[PDB]
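Student: As a plain string of letters, each chain reads:
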Amino acid sequence: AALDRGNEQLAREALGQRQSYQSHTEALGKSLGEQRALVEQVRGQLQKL
Amino acid sequence: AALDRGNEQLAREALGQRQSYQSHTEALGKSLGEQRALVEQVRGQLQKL
Amino acid sequence: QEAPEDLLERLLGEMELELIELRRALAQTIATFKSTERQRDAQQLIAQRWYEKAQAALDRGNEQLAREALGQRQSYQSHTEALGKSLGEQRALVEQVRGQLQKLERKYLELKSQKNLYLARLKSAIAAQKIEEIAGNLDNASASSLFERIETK
Amino acid sequence: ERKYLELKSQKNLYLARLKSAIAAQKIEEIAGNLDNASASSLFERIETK
Amino acid sequence: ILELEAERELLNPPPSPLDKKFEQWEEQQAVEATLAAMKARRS
Amino acid sequence: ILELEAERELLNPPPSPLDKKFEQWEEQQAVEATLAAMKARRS
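Protein chains in written order, with PDB author numbering: chain k, 77 to 125; chain S, 77 to 125; chain N, 22 to 174; chain I, 126 to 174; chain V, 175 to 217; chain D, 175 to 217.
No lab work stands behind these hints: they were computed from the structure. Take these hints with a grain of salt, some might be off.
Claimed, not checked - Estimated spans, in silico, between C-beta atoms of each pair: (1) D:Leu192 x N:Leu130: 50 to 60 Å; (2) V:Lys195 x D:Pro191: 30 to 40 Å; (3) k:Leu108 x N:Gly157: 51 to 61 Å; (4) D:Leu184 x N:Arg127: 12 to 22 Å; (5) V:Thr208 x D:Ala210: 25 to 35 Å; (6) D:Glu197 x N:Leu38: 48 to 58 Å; (7) S:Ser96 x N:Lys144: 46 to 56 Å; (8) V:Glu201 x k:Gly82: 19 to 29 Å.
As the list claims (entries may be wrong) - 25 Å max Cα-Cα, derived PhoX-like pairs, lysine-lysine: (9) I:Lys144 x N:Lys124; (10) N:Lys55 x I:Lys133; (11) N:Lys124 x N:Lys136.
Beta carbons are placed, not taken as given, at the ideal position from N, Cα and C, and that holds for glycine.
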């Protein structure tokens with residue numbers, strides 16, 4: 077709703093802030109995606125162990 | 077993305093930096109390729125030993 | 022003959038206390054340079070302040086005030102100029118020895134990395150030396166061939 | 126008075142370079158360890174033997 | 175010891191002009207490129 | 175003893191003109207040759 081009613085700066089700042097948080101969100105996903113393989117791996121090990 | 081939007085210098089510097097890191101990356105690969113034969117060799121020895 | 026192998030580990034272990042000293046020693050080179058940088062920032066500031074004095078000195082038809090005010094700034098700008106020349110001089114030396122310390126750092130990490138690989142091969146060499154002991158047992162196997170022959174006798 | 130403040134300022138810078146000189150002197154000790162690395166090349170050769 | 179905190183600033187990527195200019199210009203790239211994104215979908 | 179550090183500079187390949195000119199010109203070769211590489215693929 078920042079841009080609504082002709083308020084450009086609010087959306088520009090609001091998005092510039094989201095990118096910083098999306099960067100945090102992006103980092104967690106990359107870390108989570110990394111964990112996905114390792115947890116699936118050692119779990120496969122423990123299954124064989 | 078350096079060159080995008082008509083920014084030549086950024087790509088020229090960005091690549092000149094990658095070559096230095098690719099030189100580091102290249103060196104490791106050459107060292108790793110060197111190790112590949114020796115590890116395969118002594119391992120073959122230990123197999124026979 | 023002290024095993025020179027232990028020297029490699031003992032000697033390289035001292036570098037930890039060594040390059041950090043350069044890491045800490047070079048820091049002074051930077052503290053002095055930027056400390057000088059602020060001093061020039063203060064010298065240009067007062068020299069700029071003198072311009073502020075000379076800025077309004079001429080106003081309302083007061084020529085002498087600006088003439089003196091500028092003649093004073095030049096003396097301070099000379100001080101400001103000297104610091105900049107010294108600072109510009111320092112810029113290259115700090116960038117240089119720092120580049121040295123960077124390379125003096127690259128050598129150790131590669132030196133320590135190769136040492137471990139070097140010792141890794143040395144451990145492999147011991148195995149090549151130990152397979153000789155069993156080859157020595159093959160001589161005992163030859164001495165087993167010795168009483169293999171008495172067994173054949 | 127101007128001489129002393131400049132004298133003391135340069136002394137600290139002078140010693141600062143001296144500390145840098147010690148590092149240049151200390152990198153020789155590890156270069157001395159490179160001689161031990163040459164002596165490591167000495168029993169690298171016995172390792173090769 | 176405060177100057178030693180600066181040694182940490184250089185140890186990490188310091189605000190080098192091109193990096194921050196690139197990051198700044200990247201922000202212009204991010205904001206400008208995104209600026210049209212919202213303006214187009216609502217149309 | 176600082177002059178002895180320079181003895182290390184000459185011990186290693188020092189910044190000889192042709193070597194650094196070649197390395198410099200090589201950088202021109204690297205940048206110029208790579209300059210067209212990216213410019214062509216995007217076309």
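Student: All hints are to be evaluated individually against the structure, with a verdict given for each.
Tutor: Outcome of the hint check:
Take D:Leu192 and N:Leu130: their Cβ atoms lie about 31 Å apart, and the range 50 to 60 Å is violated. Evaluation of the 30 to 40 Å hint for V:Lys195 and D:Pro191 yields a pass: the beta carbon distance comes to about 33 Å. Between k:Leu108 and N:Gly157 the beta carbons are some 57 Å apart, a value that agrees with the proposed interval 51 to 61 Å. Our hint of 12 to 22 Å for D:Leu184 and N:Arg127 holds, since their Cβ atoms are close to 19 Å apart.
In this structure, V:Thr208 and D:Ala210 meet the distance hint of 25 to 35 Å, their C-beta atoms being roughly 32 Å apart. Our hint of 48 to 58 Å for D:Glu197 and N:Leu38 is violated, since their Cβ atoms are close to 36 Å apart. About 34 Å separates the C-beta atoms of S:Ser96 and N:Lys144, a value inconsistent with the hinted range of 46 to 56 Å. Remark: the range hint 19 to 29 Å for V:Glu201 to k:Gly82 is upheld by a beta-carbon distance near 23 Å.
Of the supplied pair hints, the one linking I:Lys144 and N:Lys124 holds, its CA atoms being roughly 17 Å apart against a limit of 25 Å. Note on N:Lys55 and I:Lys133: the hinted pairing holds, with a Cα-Cα distance of about 16 Å set against a maximum of 25 Å. Annotation: proposed proximity of N:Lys124 to N:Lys136 holds, straight-line Cα distance about 18 Å (limit 25 Å).
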